[PDB]
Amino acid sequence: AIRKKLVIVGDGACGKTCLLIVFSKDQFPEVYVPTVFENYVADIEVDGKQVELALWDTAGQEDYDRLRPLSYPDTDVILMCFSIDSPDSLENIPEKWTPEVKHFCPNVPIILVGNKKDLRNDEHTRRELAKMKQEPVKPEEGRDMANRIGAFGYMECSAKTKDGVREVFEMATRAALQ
């Protein structure tokens, strides 16, 4: 089959690791959620094409500006994540992550992914965010940011409930295939 590489970037605790784990096991693990993700090689069939998709995390590499880029060589698609419960994680997409990814990897497709969409309808989170005078990211603020950064597309998912996860990685595969 044909072999493609995917890397997930974005701020620490935007759910990068959780998302990779939920997809790779295909279960929100009931007993223990690993702290770390090593790598994984998914067998995906999308639109009648079979692909081996290698998955890589950048978790832990956020403060280490010469180590982090060693993750990037030969990437075919970037998932650029933010957390819907964290408007600041979205402010940093065009500031920090986009310039980096475009410097190292200028013509790689980027999919912008809003994680933890379940938290949009959560009492605790609405209240906590209201205290710094904010609310959960709205779907149109997401689409607007994706448009602004020249992403290939915008998608939402929730690793906790698995809603949207399969679709993200199927679309990433399609994007890697262009």
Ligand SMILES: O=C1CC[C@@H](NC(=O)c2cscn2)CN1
Given for the second form:
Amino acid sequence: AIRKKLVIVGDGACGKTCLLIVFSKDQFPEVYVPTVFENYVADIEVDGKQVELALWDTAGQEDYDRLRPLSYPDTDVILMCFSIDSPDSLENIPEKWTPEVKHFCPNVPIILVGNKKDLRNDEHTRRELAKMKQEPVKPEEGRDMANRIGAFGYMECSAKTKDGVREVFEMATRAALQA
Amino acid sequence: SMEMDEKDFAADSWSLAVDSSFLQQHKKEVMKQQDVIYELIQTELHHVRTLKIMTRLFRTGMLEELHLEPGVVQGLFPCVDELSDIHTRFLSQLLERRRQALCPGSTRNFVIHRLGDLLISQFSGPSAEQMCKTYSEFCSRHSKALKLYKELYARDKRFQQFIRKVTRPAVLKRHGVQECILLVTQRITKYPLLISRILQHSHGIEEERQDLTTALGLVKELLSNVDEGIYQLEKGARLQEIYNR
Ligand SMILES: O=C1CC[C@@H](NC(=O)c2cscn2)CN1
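Write the structure block of the form deposited with the named molecule bound for the protein whose form solved without the named molecule appears above.
All chains and molecules follow, beginning with the one already shown.
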């Protein structure tokens, strides 16, 4: 088992904390959803290769530009998150998060992840966003942003139902293993 | 951590830690507030434990087993005793507030109604000055500590054997040297998230809503000051590189 490091970046509303919690427990908490995530080392076997994947969150560091880059040294794969129920989180990807990650993590693969895909067809979400002349992020809008920022790939998931969660972390492991 | 505290904080939440017959006696809003306060104390107990792995397992193990050059152990673990003093004192106050609240005849049933004042005290006056001074120093030495570790693990045989030996047990899986340093750096930015969610469920007593509002503002002032006082130290960087920053 080789050791690899994963860091998740994105706006506070992007759902990065919940994503790391659901993956680490293989369960969406039934009694209490934690506010914070410390770290975790997940045992993952992808395409016959065993890896120890250390997981880190950047939640709480968004307003502190000198503390935040301390999470980046020796990162092997970046998950760059936005929420499908929030087109504003997607807008902050190309000129805020992308230039930062490329500067502190040169040549590290970036996977753009659309979180909360369960809210794309949620009526409350659609009614709320319509009040600000908006709609849930469309899959092609996600793919186009991923293409534009030079992401390794584009994926979607729902921490709530677990759909797509295993796939994102197995692909992140494969990306971390590449030359 | 000591067995008494680990057992008291073994459940995933306050609602699972207390007796089901005690839980039934409270309203939903109180259970939500108590679950978040329990998370703050449980993560503080884990943070102090991370600092004890750094001081007792790593630092002291290197001094008592290895022949490192003078100033190497300090470079690997900057401010670890000061950090341990700050957080063990804070943890003691949090655990004493829980202990005082216990029902007679119980070692698990309690409700903490007055957390705000404890947080204002921790994040103001001399203790806030010492937290600001210690984290500004630690976080500015973060990159240098990681680089020094990588060099020693790659070139020193006895150091590599020591690391592999003490990090082999499963309970140290998330707590290698570099992982401990990042766990400590990230601790301070977890406080506003926890305090804001405790505040969201503390409107029932106006004095408590006000105290937590004051505490959240103090924590944010501390973080802004620490963030502004950071400049990464680099071994071998010349004065010209520094004054041309
Ligand atoms: O060591 C570990 C912890 C749990 C495990 N989680 C999942 O596979 C998973 C699939 S969907 C949510 N979690 C990953 N490796």
